[PDB]
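Trainee: This is what each chain is made of:
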Amino acid sequence: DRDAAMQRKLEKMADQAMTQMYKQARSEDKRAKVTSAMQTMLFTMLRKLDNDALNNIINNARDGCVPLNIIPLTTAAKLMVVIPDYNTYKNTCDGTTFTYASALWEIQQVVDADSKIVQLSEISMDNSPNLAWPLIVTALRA
Amino acid sequence: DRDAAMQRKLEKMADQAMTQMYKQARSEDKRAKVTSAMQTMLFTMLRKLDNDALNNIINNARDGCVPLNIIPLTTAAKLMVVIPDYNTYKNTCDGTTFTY
Amino acid sequence: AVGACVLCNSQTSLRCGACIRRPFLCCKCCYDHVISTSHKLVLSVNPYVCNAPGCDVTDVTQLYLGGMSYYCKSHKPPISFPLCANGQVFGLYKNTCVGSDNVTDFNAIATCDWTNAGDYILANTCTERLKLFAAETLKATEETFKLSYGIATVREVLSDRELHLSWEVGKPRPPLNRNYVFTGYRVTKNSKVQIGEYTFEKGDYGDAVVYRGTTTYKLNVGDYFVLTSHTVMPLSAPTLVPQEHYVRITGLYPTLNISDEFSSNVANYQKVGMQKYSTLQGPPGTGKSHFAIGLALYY
Amino acid sequence: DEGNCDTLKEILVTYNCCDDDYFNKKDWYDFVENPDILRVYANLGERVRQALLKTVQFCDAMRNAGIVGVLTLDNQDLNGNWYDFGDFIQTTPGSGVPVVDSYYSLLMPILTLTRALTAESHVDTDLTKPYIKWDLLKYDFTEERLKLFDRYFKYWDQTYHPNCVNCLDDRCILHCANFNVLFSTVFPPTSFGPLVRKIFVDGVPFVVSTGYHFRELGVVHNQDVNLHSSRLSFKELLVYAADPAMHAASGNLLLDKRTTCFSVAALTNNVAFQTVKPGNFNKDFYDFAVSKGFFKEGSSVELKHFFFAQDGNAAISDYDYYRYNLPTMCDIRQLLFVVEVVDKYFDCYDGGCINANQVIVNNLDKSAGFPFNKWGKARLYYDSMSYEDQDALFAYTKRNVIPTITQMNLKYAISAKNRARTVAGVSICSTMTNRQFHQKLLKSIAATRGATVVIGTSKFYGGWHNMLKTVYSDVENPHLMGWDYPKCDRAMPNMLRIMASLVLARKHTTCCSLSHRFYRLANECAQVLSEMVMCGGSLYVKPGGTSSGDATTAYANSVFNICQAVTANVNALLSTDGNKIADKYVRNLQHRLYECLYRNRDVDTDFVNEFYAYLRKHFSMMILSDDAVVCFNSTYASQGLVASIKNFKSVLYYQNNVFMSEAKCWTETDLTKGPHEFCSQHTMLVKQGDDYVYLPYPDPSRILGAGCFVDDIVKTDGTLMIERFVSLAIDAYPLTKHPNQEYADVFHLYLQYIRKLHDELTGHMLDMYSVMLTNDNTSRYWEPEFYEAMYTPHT
Amino acid sequence: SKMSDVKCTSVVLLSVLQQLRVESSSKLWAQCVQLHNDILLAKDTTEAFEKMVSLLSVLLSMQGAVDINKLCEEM
Ligand SMILES: Nc1ncnc2c1ncn2[C@@H]1O[C@H](COP(=O)(O)OP(=O)(O)O)[C@@H](O)[C@H]1O
Ligand SMILES: Nc1ncnc2c1ncn2[C@@H]1O[C@H](COP(=O)(O)OP(=O)(O)O)[C@@H](O)[C@H]1O
Ligand SMILES: [Mg+2]
Ligand SMILES: [Mg+2]
Ligand SMILES: [Zn+2]
Ligand SMILES: [Zn+2]
Ligand SMILES: [Zn+2]
Ligand SMILES: [Zn+2]
Ligand SMILES: [Zn+2]
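Protein chains in written order, with the working numbering: chain A, 8 to 149; chain B, 8 to 107; chain C, 3 to 301; chain D, 745 to 1539; chain E, 3 to 77.
Fair warning: there could be bad hints in the mix.
[Stated by the list, open to error] Capping the alpha-carbon separation at 25 Å, the derived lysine-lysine pairs in BS3-like fashion look like this:
no. : chain 1 : residue 1 : chain 2 : residue 2
1   : A       : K55       : C       : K191
2   : A       : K16       : C       : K75
3   : D       : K882      : A       : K85
4   : B       : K55       : B       : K40
[Unchecked claim] Simulated restraints on C-beta separations:
no. : chain 1 : residue 1 : chain 2 : residue 2 : range
5   : B       : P79       : C       : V249      : 48 to 54 Å
6   : B       : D57       : C       : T106      : 55 to 61 Å
7   : B       : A44       : C       : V212      : 23 to 29 Å
8   : A       : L147      : D       : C749      : 49 to 55 Å
9   : B       : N63       : C       : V183      : 33 to 39 Å
10  : E       : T47       : C       : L45       : 48 to 54 Å
11  : A       : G71       : D       : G747      : 55 to 61 Å
12  : B       : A44       : C       : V159      : 54 to 60 Å
13  : B       : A44       : C       : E246      : 27 to 33 Å
It should be emphasised that the hints constitute simulated quantities derived from the structure, not laboratory data. Backbone N, C-alpha and C define an ideal beta-carbon position, used for all residues, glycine too.
Between the sequences and the hints, there should be enough to build the whole structure, so can you do that?
Mentor: Following this line, the structure appears as structure tokens:
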């Protein structure tokens, strides 16, 4: 019996050691997956960049440092306008072209809150009740 | 006493397993039958209320005289309702008046 | 899920993994099926594999319910207990599972490959639940036989009205007629996605198939075809709804001088009205498929 | 005081701010019910600003004439002229000195309420002329800030640092940050936020944030910036994925007209409209309840707490409430004394930095914020990072600023009002370092019994009675008082949040350097105070106010609550006459309080201790992060020597930009009834055993609603969740001592439902088998002794 | 218990509507949510019953969603 109880402790600590080893490893094969995912996300975001416009605005910077809030506002090629009602639509982007951020944008698409396509003739004062507001208009920099 | 203790010990783990498996099976199952259970519960509660307007619209819906839009509450608001046969028209429509 | 045993309709939570249809089986019936046949995989709410770090044991007499999961002989927590024992297989509703022997016909139904002829004469003279299970597994086997077929490709197109065919080397070639359809692939780099629903038929001269499509896509030579599969749904409803003999016609109404041509089958129309279901057997071209239209003119 | 405001109405009318019928509106003064009042107050701004300019002339006229004197607000009319020279003594010309310490400091809350410096946004400082078109790439307005300071606050003689990285301590960070709050209102809103820079790693150009431009803290640059790298470690990958530089630089431009908040970018190609589901109805419990006589017509107990559903325009309608956060310039000579008193309140605890192996996380299966929730929970990032590269990240945050995106998450919970509730899911890169920075002090606060901040004090086993006996800590004429903070987390000024963060960081006097503490404060501001907010797949800018998801949320909220209470007491004591104060000790206390506010620049620790003793003796408090019970002296408060409800209303008006209606604030003249409500629990005095104790009972509607409505379909089975009802019966036990029988029947209803649930559970189990369970200890859950022992002080 | 009762029927009704993917049509889900919330915040029984009629009309208008005849024959 003295050499036995020791067997219980042996198997208990062996299972604990094996579980600890599995946890330390599975956790090492789950770390590489998230490292690869973060790398792919960062490099796709790199490939999305408007390199010429960003290069221009960053070379104009004296220190090489610019506010982040002007990076889209001066380099983004696509603008999404979310509009809650018809008066706002008439004010901000009525017509097929409009002006925002001291630039000229041309409407390329309009969708409703249901992600259904809306034509510019359907956005009227009388057809406003029949539209699922808000409307998301997507325009491209001209 | 050593023989008795071990049995109790095993049987306690048996009860643990039985309870845990039953909870898992019933929980996964309940989510499984939710739509029909919720609809039956809804119509049970609708019947228990026994409101005269709700009973009227439900009895018309059984006949197929369903609305096309939300029934409006404001006065002089527009209701569009499909009538599928002269039977449903004769009871509901008296002259130019429509009871619904 | 919680279900009902196929051959005794007791409550159960076990299924046979090896069976194509995965049928519910109560504890006693599952033990009788697994201890005698070659099927040794049982799915509870959790499958009965061994939960070691890595271990692959599925035979149910090898396993134990240890700690909080199913573990094999030398992976078990030191506290047992055996799963497949005491004449049963441990599952939910353990002490309410009572079946019957039909565990001699169910072995034959589950094991048989539907190659011989006697499998059908045992799949149609058994009890009523086995009449449904055998039909279900027969449809499942008929579907899984298509998995052993050879997938096509296109050789070229000299004539756009007659496709050229090329079967994969090392597999049987399906027959070319209307009953069989195909759906394609374009697996080059570059779209392992279907390209339409096509069908084939042979040509008299040389090697050619005068095909047909649901759309009008052409096949750049890499595009090819595979015969489409069909998962088989549970045989939910009984084969024949049980018969009741009404005293008088209920739910149906006669007619006023039905016609001068259907005046002979009136008694059979009334008999149809009286019973829940009726069967009309007659030699061909005696008035069977016209009896139905006369019935329509009578009701 | 909205009941007595006749000089404010007369001032507004006589200077054409409004039309004397504007006050016929029901709540014209309310900042959140009538935001147009801001437009009215700003009509005074150019009259205030001219006054400021007049002062700088008058000061000069004294300085060149050799005339020494104190400038007071009561010697300057609203035109701006000065007329009281009685206490002016003349010295040699060219060497006079105007003392403008109390002039400017009392005026400071009015310089932003009236938006006095809006004429500085116009070219040539002319309100008719168009706005100044600043260069977009410009972010360093240090010379502009210095010109503003030398133009308006010229003779304010304390040193001003436009960038608070040069401040000498946290008493200097608050002063210069208070000036920066004012001066940042005249600069373009696009110039603040992270300052990005193009770096190269293994030859590919990243755009990463190498700094920040805070409206309060000025320009901050990172100290460890590697322009050329080769490999990115897991720590650097986490830093570059957390910050919004790449996400904003890659996403589309956004123009969201649904809000007035600054919209930065749209990350996806379409907007996400997240809805909120209704609750799941437990029909079995409701049938059981109505079979027991509940929910009758006219009954006192009725369903009022539900799961309210929300449409797709909910998350962006809740975020728009950050429109109630206005830039508030504080009284700095007063805030700098309130800080000392609050630090006296937080003197019994100990804190400092801990190692990564000493951090304990409660639940690791929690969201990691954006973008880290795309690959796992917080468990993934607490397992993937060793202690070495968690300490490396923490030491990185003491020399570099890491901006962070916080998600807005709609809350799916039971409530009595249909407005949507939103929480802030902060990134793991912020939560990890904030835990490592604050958790020692935070656990020290939660483990102290008998203090002002009751966090970590249970209400069970006599914990409620102990709390209420410590509140009544030998006050003379005790009255209980409780107030409300409307829009507390969204209207909190940035100065007060910075104050709370600096008070929490006073424990790091040995573990952190001065620059370490500044960069930790800057990380707090960049990740919590004014961050990028992900609301429906779109990045907006949070104007300010606390986010409810940072590591130190309840504790910083407690610091803010104590600060507002001390400010109310200071204002109450100073606004009293002084010739009417009969007690000669309180008159001298008022005299020395004014001296320590506006005539003293170094901390007088003796008087800070004396005022702390006065507040503890006469204004005893109990704080849980925005709930507060006060057991004040009623005679002193009637004489105006201690804060009242009206003082809290005044302080919240000029220092929170909210109106605290006295319909949400209660007063209890009888201590045998206890606080009216604290932590949503009413209190009643019961005879337990042989002695009378205070027990907390909830709203019976709340407990019945928790029983009837659930947030999951499987919580409706009942037999699966008997612990769910055991916990609810534990919470509903004290209702049995209520004199109203319909309240006392809720506990018995829960006990009877527990018994029915166990009966049908055993029936179903015996059906699923043919044997009962051998060991069943569930019989104790429908005996009331298991719940009676829950409120007995033996444990 | 009638007034108290309706407020639960509206909860079940909106749960059914959400299960029927009424949530996908934002213009309809806004009206359903408004009616549900205004039923829950009601003091008068007649107003709640009128709004319950309007909210049940959403369920009854969609023909292919639920089987009214089967559902009403289980009672
Ligand atoms: N009562 C009748 N009198 C004359 N001709 C009949 C009568 N019933 C059937 N027929 C003829 O017998 C044929 C039987 O057709 P059908 O019932 O389709 O045979 P089957 O059912 O074997 O296919 C019909 O084409 C019809 O022309
Ligand atoms: N008891 C008093 N009676 C009359 N005048 C006084 C008294 N005490 C002080 N003053 C004068 O009043 C001035 C302060 O009064 P104040 O209310 O500031 O008047 P004003 O603002 O019109 O100058 C002092 O300069 C002093 O000359
Ligand atoms: Mg025929
Ligand atoms: Mg004076
Ligand atoms: Zn089998
Ligand atoms: Zn069986
Ligand atoms: Zn094994
Ligand atoms: Zn400073
Ligand atoms: Zn520190």
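Trainee: If a hint holds in the structure, say so; if it doesn't, say that too.
Mentor: Each hint tested on the structure:
{"no.": "1", "hint": "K55/A - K191/C", "verdict": "holds (24 Å)"}
{"no.": "2", "hint": "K16/A - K75/C", "verdict": "holds (20 Å)"}
{"no.": "3", "hint": "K882/D - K85/A", "verdict": "holds (24 Å)"}
{"no.": "4", "hint": "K55/B - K40/B", "verdict": "holds (23 Å)"}
{"no.": "5", "hint": "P79/B - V249/C: 48 to 54 Å", "verdict": "holds (51 Å)"}
{"no.": "6", "hint": "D57/B - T106/C: 55 to 61 Å", "verdict": "holds (57 Å)"}
{"no.": "7", "hint": "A44/B - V212/C: 23 to 29 Å", "verdict": "violated (54 Å)"}
{"no.": "8", "hint": "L147/A - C749/D: 49 to 55 Å", "verdict": "holds (54 Å)"}
{"no.": "9", "hint": "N63/B - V183/C: 33 to 39 Å", "verdict": "violated (51 Å)"}
{"no.": "10", "hint": "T47/E - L45/C: 48 to 54 Å", "verdict": "holds (53 Å)"}
{"no.": "11", "hint": "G71/A - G747/D: 55 to 61 Å", "verdict": "holds (58 Å)"}
{"no.": "12", "hint": "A44/B - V159/C: 54 to 60 Å", "verdict": "holds (56 Å)"}
{"no.": "13", "hint": "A44/B - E246/C: 27 to 33 Å", "verdict": "holds (30 Å)"}
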